[PDB]
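Quick heads-up: it's one chain on its own, the form deposited in one PDB entry, in structure tokens.
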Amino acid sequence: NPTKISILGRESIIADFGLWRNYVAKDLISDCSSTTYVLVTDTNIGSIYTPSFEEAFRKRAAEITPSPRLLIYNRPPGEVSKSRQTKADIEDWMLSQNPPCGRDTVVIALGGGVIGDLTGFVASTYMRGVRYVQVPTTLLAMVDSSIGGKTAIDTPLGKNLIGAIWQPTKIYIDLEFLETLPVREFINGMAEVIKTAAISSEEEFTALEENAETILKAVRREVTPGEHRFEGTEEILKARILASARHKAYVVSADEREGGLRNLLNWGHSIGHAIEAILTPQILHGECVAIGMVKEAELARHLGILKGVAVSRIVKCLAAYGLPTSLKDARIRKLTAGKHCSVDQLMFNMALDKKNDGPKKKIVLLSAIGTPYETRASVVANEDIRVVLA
């Protein structure tokens, strides 16, 4: 029943329904033995999911002597917490405990990419490094952010500029968390799923095109007492998620510290992050990546690398899931009331892209749905980039 996926030579990804309720606590106490467990989550999630876990935990810790402690930290939800200040706050709190959290500490990231990125980075530098596990609660985290070990905080200048590669000891993907995920967040996560399919398999991309309606309806439907939101589409949903997770695992395993191949997971992100730096926190990450994918596909077509028919196909697939495909989208306009991305500000933000080689900007170019132009991001001239943003 539990699907296991290996990454970087270790079988650390465990995926199934109900792992949180009756699996994680027990597995932690045995595979990640420690005297101190630190749970980091945000206030939205904390109130919904920590209770049953404290219980399951005490039940399993009782067996052990001396019994391990569980310390909980609740942070403000949203991109605002991915900051230097929040990192320092969690550190100081951990160092303040009695006794202080030491190097045997096991940190638990219970949440989406904001909590995962922040918690992973704290873990990576706490007394120079402690173990942590990821428990993704959003669709975006399950399929992308919780896997791979990249952690980071933002700064006023831009996205993920300070961080570290620090692999989690375990990654628990419990599909049950999606039951309570808001519709906008769920759609936001599909952008990474679509991105992953587009750089790896025409087939998977086709599958996403064919299940759009079915998925979107289950997500927007009103659930009656007793039934589950994804009642008749669990198999479909699980397949789409594991397909994304597996491909990411293969890529991370082949180029952990991004010397080449890993650049591909950044498709749509060169333009997407430049946009996010300006529109956050009103506009989400997946929504910015969606616009970035269309713009980067256009750039590839502009360079004679990608077919125009391919671009239209990417746009319609994104539109089919409710994701924005341009800065002129209606929502973007109202949600970012009083915010505009000028071509120059965007070009400025792109000079901060971590894939850039010195002053040369690098972008992932698709030659076809499921086929990258190269197994790395390519050098593109500023002039060419400007024409696509105009």
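So that the term is clear: the rigid core is the largest set of C-alpha atoms that superpose within 1.5 Å between two forms. Residue numbers count along the first chain shown, from 1. What changes on going to the form deposited in another entry:
Among the residues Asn74, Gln282, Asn211, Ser201, the single one whose Cα moves by at least 2 Å between these two forms, once the core is superposed, is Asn74. Annotation for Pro99: C-alpha shift of 2 angstroms or more between these two forms, rigid core superposed. Once both forms are overlaid on the rigid core, the distance between the two CA positions of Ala297 between these two forms is under 2 angstroms. Annotation for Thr50: C-alpha shift of 2 angstroms or more between these two forms, rigid core superposed.
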Contents of the next structure:
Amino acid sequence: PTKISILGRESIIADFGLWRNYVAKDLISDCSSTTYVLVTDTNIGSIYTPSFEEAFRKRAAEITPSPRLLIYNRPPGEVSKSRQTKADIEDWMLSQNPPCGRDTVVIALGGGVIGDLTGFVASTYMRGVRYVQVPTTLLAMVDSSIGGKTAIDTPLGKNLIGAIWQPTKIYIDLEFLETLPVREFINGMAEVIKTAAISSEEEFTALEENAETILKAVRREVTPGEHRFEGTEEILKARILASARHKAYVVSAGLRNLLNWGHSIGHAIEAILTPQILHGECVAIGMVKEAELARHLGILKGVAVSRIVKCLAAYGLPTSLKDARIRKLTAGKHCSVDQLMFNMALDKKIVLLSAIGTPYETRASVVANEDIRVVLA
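Form deposited in another entry, following the form deposited in one PDB entry:
The next block holds one chain only.
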């Protein structure tokens, strides 16, 4: 079982099959409690909750008095990352027999929506209770589940109310990616490529070379019982864990600014195109625009911009606002240069790359609005 440290503790545990034969046992022995609360959505729970209920019972059977496992299922979608849902979960926890107390260990089984929501619930339940992250999406495995950043959204913005609350454990089971929708897997690759581009030209090269194999496995038709990533586990785990390790490294150390490469323009685009277009899709276009911005300022070589554009496309991500899929889903929406500048103002410090794997500076750089408007043209 591969382990990765974060903030001094060895909380990240990664491998294929953890959910089926490692987590329940580990929670009972390492996160001892009388009460375990599992929060997930109906899409994810319908697939993974049954096996775990059994793994838990078997693991708890030995302990005495045996602990309980309580399950809360939220509707899928970001609509659930709200004040009302947080309050409903808390009320439900307080309605148990007996009510969930300070020893409760909350299990966040899901993507960034469930992870953000669940972590925030854990942070304030009776002023704070332990929780673990069990990321089921690619973006969650390498980004959202690491760092302790929790929150909910309000009608005025994303993640505006929340808290920094570190999970006791982060179980990364790559088998969850076997059922993750193709579009979501691709969406998550935006963060993986971003991380390689700002830290390792060698890792970026590995991604370029593994693109066809991985995407093939993702788009593959699986037989009722076989594993989707059959003979490419080592490759997948390597590429995914490289991004999670970087995120962990950054969180454990201005350097975190680099993690926002592609997000200055990316977030501006998303503010306009969401919810039709996903975060990673917006950031992919953002990485291309920000790479072109650096080239405009003569900081990044054109050859480098081409590699970024092709690597993003090789994983199925859009590289321009003129992308066919984007326009089809955004019928009626348009990202005017002014609308994009307006959004970037509410964020100008953009992360600039001098070479793949090499940032211009160990932080975001200042850019004149004049130059930004030219790359958005």
